[PDB]
Amino acid sequence: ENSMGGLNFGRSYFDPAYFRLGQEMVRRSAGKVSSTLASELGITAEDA
Amino acid sequence: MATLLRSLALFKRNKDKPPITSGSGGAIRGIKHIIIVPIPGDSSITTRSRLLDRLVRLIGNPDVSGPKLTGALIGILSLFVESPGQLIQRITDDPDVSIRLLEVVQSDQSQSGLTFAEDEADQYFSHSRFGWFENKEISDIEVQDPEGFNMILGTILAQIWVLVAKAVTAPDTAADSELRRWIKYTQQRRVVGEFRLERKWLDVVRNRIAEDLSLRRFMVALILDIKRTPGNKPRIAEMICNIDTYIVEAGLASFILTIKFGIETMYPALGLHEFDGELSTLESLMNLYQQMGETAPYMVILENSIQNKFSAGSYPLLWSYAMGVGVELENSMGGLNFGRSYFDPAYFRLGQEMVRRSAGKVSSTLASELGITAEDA
Amino acid sequence: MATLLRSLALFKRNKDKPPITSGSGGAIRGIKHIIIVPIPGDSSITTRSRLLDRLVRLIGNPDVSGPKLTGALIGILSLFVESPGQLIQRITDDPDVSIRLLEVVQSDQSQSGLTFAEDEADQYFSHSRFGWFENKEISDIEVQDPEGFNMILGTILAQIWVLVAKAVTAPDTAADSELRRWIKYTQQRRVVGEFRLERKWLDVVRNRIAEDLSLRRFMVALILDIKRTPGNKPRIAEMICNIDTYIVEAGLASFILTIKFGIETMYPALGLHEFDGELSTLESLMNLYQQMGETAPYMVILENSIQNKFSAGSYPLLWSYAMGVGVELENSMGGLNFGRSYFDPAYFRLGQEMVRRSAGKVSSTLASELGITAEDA
Amino acid sequence: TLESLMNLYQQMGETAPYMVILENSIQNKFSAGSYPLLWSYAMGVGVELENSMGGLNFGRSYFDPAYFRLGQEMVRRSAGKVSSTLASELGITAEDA
RNA sequence: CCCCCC
RNA sequence: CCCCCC
RNA sequence: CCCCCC
RNA sequence: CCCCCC
RNA sequence: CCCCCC
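In the order they appear, the protein sequences are chains Y, C, S and H.
If you're matching positions, the first sequence starts at 344 in the entry's author numbering and goes up one per residue.
Residues 1 to 117, 124 to 133, 142 to 391 (the entry's author numbering) make up the second sequence, in order.
Residues 1 to 117, 124 to 133, 142 to 391 (the entry's author numbering) make up the third sequence, in order.
If you're matching positions, the fourth sequence starts at 295 in the entry's author numbering and goes up one per residue.
Be aware that one or more of the hints could be misleading.
Distance condition first, Cα-Cα at most 25 Å in a straight line; then the derived DMTMM-like pairs of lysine to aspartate or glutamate [as the list claims (entries may be wrong)]:
#	chain 1	residue 1	chain 2	residue 2
1	S	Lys180	C	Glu252
2	C	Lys241	S	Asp94
3	S	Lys32	H	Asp390
4	S	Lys15	C	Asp239
5	S	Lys17	H	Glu297
6	S	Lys12	H	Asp390
7	Y	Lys375	C	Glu292
8	S	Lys32	S	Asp226
9	C	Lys274	S	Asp16
10	C	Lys241	H	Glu297
11	C	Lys375	S	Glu344
12	S	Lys32	C	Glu82
13	H	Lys375	C	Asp239
14	C	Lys241	S	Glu252
15	C	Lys241	S	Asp290
16	C	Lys241	H	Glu389
17	C	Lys198	S	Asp290
18	S	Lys323	H	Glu344
19	S	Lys32	S	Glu151
20	C	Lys198	S	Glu317
21	S	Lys274	C	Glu292
22	C	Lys241	S	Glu225
23	C	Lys241	H	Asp390
24	S	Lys17	C	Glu278
25	C	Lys274	S	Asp290
By construction, these hints were calculated from the structure, which means they are not laboratory data.
I would like the entire structure built from these sequences, with the hints used as guidance.
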C-alpha cells in the first residue's frame, strides 16, 4: 500500500534487521511465485 | 491442523455484524413534521383529474416551501390506489415523519382551486415562469372519458422514477442520459409519446430528491411493496418496476464490477501474495450483501453500510487490478473518469498488460470440452 | 477446497429471485372499467350468426371508442363456447378489469340491429369506408345450414392470432409476412381459402393490440387454458394452438439463439478468459426460464423480466460472439438488421473468422464413432 | 398473563360481547397496555394474512415498531416452505409456490 | 426494449 | 462518499 | 502509550 | 379509551 | 419511603 508516509515509525524495539528483510522479499519476488493455489491458476506465463 | 488459518478465518467476525436488539426508546428522532399530503376522495376520473393540474403547477413554481413541495411530490406519486390514505399509513414505516390525511371533495364552487373538506385554499394551490410541457398550448388537463387517464397519469410518474437513478450518485447536470430514457418506452407503446416536461421542471424535482432524506425513503419503500405483489400486478405497477430495474446498486461500482471483471474472469496473474490478503477479506464482504437481502440493492441511498464496508478503501490493490484488467473487455469505460487517492497506477497497468499480451493462446485450461491448439486469432 | 469458487457460486443469488408473499391489499390498481362484451344467448346457429356481422362492422369502422372496440374484440374472439359468460369469468384472472355480461336474445323486431335484453341500440351497433372482404359483393353473413359456420368463424379468428406474433415485437408496417400465413392453411384444407380481409381492417386491430395491455392479457391466458385441455380438443382449438406455436419467445432473440449458436456448437475459441465471466452468469439466467415454466415463453408481452435479465446488456461479449459465429450456419440472417450500442464488432468478426478458417478439418473430437482423416471437403 | 385475561371473557358470558358499551372492564383489562409486546407482534404478523388492514390506521403511545416489523418479516421470509410440522397427514417436500 | 427463420 | 453500460 | 489510508 | 372486515 | 406506562 502506498499509504506508508504519514506513519513516521520509530520505536525502541524497531528491529531494523528484520524490517529490511520484509522489504527484500517483495522486491526480489516480483511475481514468479503465485501462492501455490492448487485449484485454478495454471502454469508459467508470468513475465510482468 | 493449520491452527493459524483456522483462527485467521475466525478473525473476519470484525466485519459482520452489529447486533440487532430491542434498544428502542432511547435513540429516537422526535420532532415530527406535518407534511400536508392531498389525497383524492372516491374512486373516479373526477376531482383527482383536475387535482393533477394543481399539483403539477405547485411543484413547478417558484416561491414554495419544503413540506408544500414534499407533500405534493408524495401526493402526485401515490395516485393509482383505491384508498391512498390507507395505503400511505401502512407503507410509510417511518418514525420521523407522520403523514396527515386531507380528503378532497367534489369541486362544487371552486373560487380559485379546490375546497377539500372551510375553503382553506388562500395560498396552498392559489399561489409565465413555471413552466409547462414542450407544447405552449396544452390546457384543461384532459377532462374526457375514463380511458386515457391511465396513460397521462403514468407519463408523469415514469419520469420521476428515472430521476431517482441520477440523484444520489451525482448531480450530472452538464450531461445526463435523460433523453435516452424518453426515446425508450416509445418504440414500444407503453406510454403515449407526448406530454414531455421541460428540464426546468425536472431540475427543481431532482434537487429536492437529493436534498431531503425522508422523501427518498418513501419512494424506496414503495418499490419493495409493489415488487413483491404476487399475481398479475396492475398495468401501472409494471411500468414502475420497469424503471426500478435500473437502480440495481446504482453506486456500488467497486463491488458489482470488481467481481465480474476480477474474479469471474480468472486470469493467471490473480492469485499472488499481493492479492492474497484482499481476496480473503472480499469474500466476507460479499456475504454481507446476500445475508440481508431484500433491501440489499438499495444501500447507497439510505443505508450507512456503504461508508467503509463496500468502499474500495479496504481493498485498493485488488480493486485497481480488477478495474484495470476489465478495460478491454467492455467498451463502456469512458464515462467513468476514475481518479481516487488510492488509485494505485502500478497494478492498474498490470491488468491492462495481461489482456493485451495474451491475445487468446491460453483458454482457461477447461479440462472437459475444448481441444488442443488451433487458435491463430 | 476452493473457498473462492464455492462462495462465487453463491453470489449468483443476486439474480434469482424476488420474494413471493401475500403482500396484497396495499398495491392495487383500482378504478375498474366496464367494457361491454356482447355474449350470445342459447347454443345455436342463429343470433350469433348475424351478430358476427355487427361486430366485424363495429371493429372495421371509424369514429369508435376504446371499450367499444375492446369489448368487440373480446366478443368476436370468444364465440365457440356453450357458455361464454361462464368461461370469461373463470378465465379472465385480471383484477384491473371486470367483465360485464350482456345477453343477446332472438332478433324479433330489429329496428336497426339487435335489442339484447329496452332496445338500447341507438349508437352501439347502429353507427363505403369500413371496409370489407376482398370481394366487393359478399353479403348476408352466411345464413345457412349449421355446417359451414365453424369455418367462417374460424377464418376471422385465425387471422387475429397471427397479428399477436407481430404486435409487441415491432410495427413492421413496411413489409410483413402476413401473406406467408394465408397461403398456408390452404394447401391443406384447414380453412376454406376465401373470406380474405383487407389490410386496413387488420391495421386498426393490430394497432389496438399493441396499444392496450389488458387486451393482450386475455389472449395470452386463453392459450394456456386451451393448450392444457386434455383428450381430443375441439376442431377450432386445434387451429388456435396451431397459430400459437409461432409465439415461442417472440422477442428473446438474445437468449434462445445465443445458446443454439454459441453453446450448442462448442467451437475451440469459446472457453477463454474473456468469455469465462459471461458463461457462468448465463447459466444462472437460463435456470430462471425453466424454474417458472408455464408462462415462460410469454415474457416479452406482459412480464417485466425481459427488462434487464434476458437482455444482452448483461453479457454483450458472449452474445456478440454467438451471433457472429452463427451467421454462416443458418442462411436466415438478413432480416435481423442488428445494431446496438454494445454491438462489440471486435469479437463479432472473430466468430465469423472461426467458421471460415476451419472449413471442416476438426470434428469436435467425438471419441466414440468418428474415425481418422479423410475430410477433403 | 393473556390466558388469565381470556378466562375473564368466558367465565361471565351472557353480556361478554357487550363490554365496551357499558361495562368498565375494558379500561385496563382488555386494553393492550398490559401486553404491548405481544399485541404489536400479533398485529404486525397478521397484516399479509387478511387484506382488511387499511381502515384501522393504528398509532398508539406503545405501538412498539421494533417488534411490529418483526412479525411482517416472518410471513414474507417463509413464503411456505415450513408447514407447521403437522405429524399426521402432510407428506414431505414438493412446495415450490 | 424490439427487429429473422419455422 | 459518487462519477459508466444495461 | 500514539503517529497513516479509508 | 376507540379507529377494520364480516 | 416514592419517582414510569396503561
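Against the structure, the hints come out as follows:
Between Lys180(S) and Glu252(C), the direct Cα distance comes to roughly 22 Å. Compliance with the 25 Å bound is thereby established for this hinted pair. About 18 Å separates the Cα atoms of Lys241(C) and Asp94(S), which keeps this hinted pair within 25 Å; it holds. Among the hinted pairs, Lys32(S) with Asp390(H) is inconsistent with the structure: their alpha-carbon atoms are about 32 Å apart, more than 25 Å. This hinted pair checks out: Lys15(S) and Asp239(C) have alpha carbons roughly 18 Å apart, not beyond 25 Å.
For the suggested pair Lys17(S) and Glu297(H), the alpha carbons sit about 41 Å apart, so the restraint of at most 25 Å is broken. The hinted pair formed by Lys12(S) and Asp390(H) meets the criterion: a straight-line CA distance of about 20 Å does not exceed 25 Å. A hinted pair counts as satisfied when its Cα atoms are at most 25 Å apart, and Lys375(Y) with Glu292(C) qualifies at roughly 19 Å. A hinted pair counts as satisfied when its Cα atoms are at most 25 Å apart, and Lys32(S) with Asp226(S) qualifies at roughly 15 Å.
With a C-alpha separation of about 17 Å, the suggested pairing of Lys274(C) with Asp16(S) holds against the 25 Å cut-off. Taken as a hint, the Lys241(C) and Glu297(H) pair is broken in the structure, with Cα atoms around 39 Å apart against an allowance of 25 Å. With a C-alpha separation of about 29 Å, the suggested pair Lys375(C) and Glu344(S) falls outside the 25 Å cut-off, and the hint is violated. Restraint check for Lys32(S) and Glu82(C): satisfied, since their Cα atoms lie roughly 10 Å apart, inside the 25 Å limit.
Using a Cα cut-off of 25 Å, the hinted pair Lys375(H) and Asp239(C) holds, with the two alpha carbons roughly 21 Å apart. For the hint pairing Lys241(C) with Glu252(S), the CA-to-CA distance comes to about 37 Å; that exceeds 25 Å, so the pair is violated. Between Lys241(C) and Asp290(S) the alpha-carbon distance is near 32 Å, which puts this suggested pair outside the 25 Å criterion. With a C-alpha separation of about 22 Å, the suggested pairing of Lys241(C) with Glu389(H) holds against the 25 Å cut-off.
At roughly 31 Å between alpha-carbon atoms, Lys198(C) and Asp290(S) are farther apart than 25 Å, so this suggested pair is violated. Proposed proximity of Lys323(S) and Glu344(H) is contradicted: the alpha carbons are some 33 Å apart, above 25 Å. Of the pairs offered as hints, the one joining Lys32(S) and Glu151(S) is violated, with about 42 Å between alpha carbons and a cut-off of 25 Å exceeded. Pair hint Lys198(C) plus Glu317(S) holds up; C-alpha atoms about 17 Å apart against a cutoff of 25 Å.
A distance of roughly 39 Å separates the Cα atoms of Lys274(S) and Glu292(C); the hinted pair therefore is violated under the 25 Å criterion. The straight-line distance between the Cα atoms of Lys241(C) and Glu225(S) is roughly 24 Å, inside the 25 Å bound, and the hint therefore holds. For the proposed pair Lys241(C) and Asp390(H), the alpha carbon gap of about 19 Å is at most 25 Å, so the pair holds. Distance check on the hinted pair: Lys17(S) and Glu278(C) sit about 21 Å apart at the alpha-carbon level, within 25 Å; holds.
Our distance criterion of 25 Å between C-alpha atoms is met by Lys274(C) and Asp290(S), whose separation comes to about 10 Å.
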